[PDB]
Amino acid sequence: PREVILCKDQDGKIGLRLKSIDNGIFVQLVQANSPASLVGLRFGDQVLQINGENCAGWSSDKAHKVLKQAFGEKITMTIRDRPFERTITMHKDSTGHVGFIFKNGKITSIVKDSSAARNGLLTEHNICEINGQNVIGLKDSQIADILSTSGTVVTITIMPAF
């Protein structure tokens, strides 16, 4: 786990939304060019403590409350970098495709005899990055376009959908 110190922007904002999952707190959205992005926060990071207080069991509503009510300009956090993450490298065939359907940023079926099949891609998982590009918060058509334009090698990072 690592310590990070976020400095609030002039607006009072750090550019971070947190979510309650399995009685922990997880990074859910990191805004571009924000205090949160500066210190290297990503979707799926786990927040163990904020200003010395355990996040365990906090609701999403609470976590938002605690960040909003943080006195002062610096907020300290203890982070476990994305603990649930599987990165799979596939390769396009002459479908020009890798072999999967997705919807709302989540994989929904695996095509038989495809590189996604050969490489054990899993359904009910969120797509987080494609070839090093963050796709959290993108539209399905934007993800499809990144896949369409990709070279043969497609490396995807996934997480459980929780």
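Positions refer to the first chain, counted from 1. What changes on going to the form deposited in another entry:
- One rigid block turns against another between these two forms, and the hinge that joins them sits at 83, chosen from 83, 107, 64, 128.
- Note on conformational change between these two forms: the chain splits into two rigid parts whose relative rotation, smaller against larger from C-alpha fits, is 25 degrees.
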Contents of the next structure:
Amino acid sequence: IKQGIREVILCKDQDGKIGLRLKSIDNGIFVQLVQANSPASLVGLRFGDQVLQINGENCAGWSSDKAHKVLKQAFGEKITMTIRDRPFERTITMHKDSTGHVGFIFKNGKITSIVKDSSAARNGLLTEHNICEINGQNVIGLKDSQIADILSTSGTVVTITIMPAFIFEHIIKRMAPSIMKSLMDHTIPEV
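Now that the form deposited in one PDB entry has been shown, please provide the structure of the form deposited in another entry.
What comes next is one chain alone, with no partners or other molecules.
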């Protein structure tokens, strides 16, 4: 969660795509899906990110639909965006013990308990929070087993980005878990 507003410059691909779906939330506009191998994944857009401006025009109060139209009607050449970094999320750094545990239970990407005298507990991890990212990789809609795999194959230090479930549920409104398994970019960023 980078403290402030940054600017990104996008460029439609050969197919006129940027790779983005956006959701209206509390009169802001927020990133709902980022597509693998897309302009939006290259420039580093993330689920949860707020779009402040599109080409210098303010997004406040737009509907998802208007946001999507604005994007279609734009000269592919160069689309600027003003981004606030994942405003609804926090990042929690934890350390695995010698058993390789951090100390929580989660179900359907949702944390549901903290284990006494874990790092998770020492670190104030919260239940009723959806796991958005692990070690900077988006994990939304992967099966629980594959999240365990990512935690299990991780270094000792584990960084998790979480979002209040009521907010999370508002963003992904009416989506299958396997929709986002398919569509959401789950790669480590290129350098």
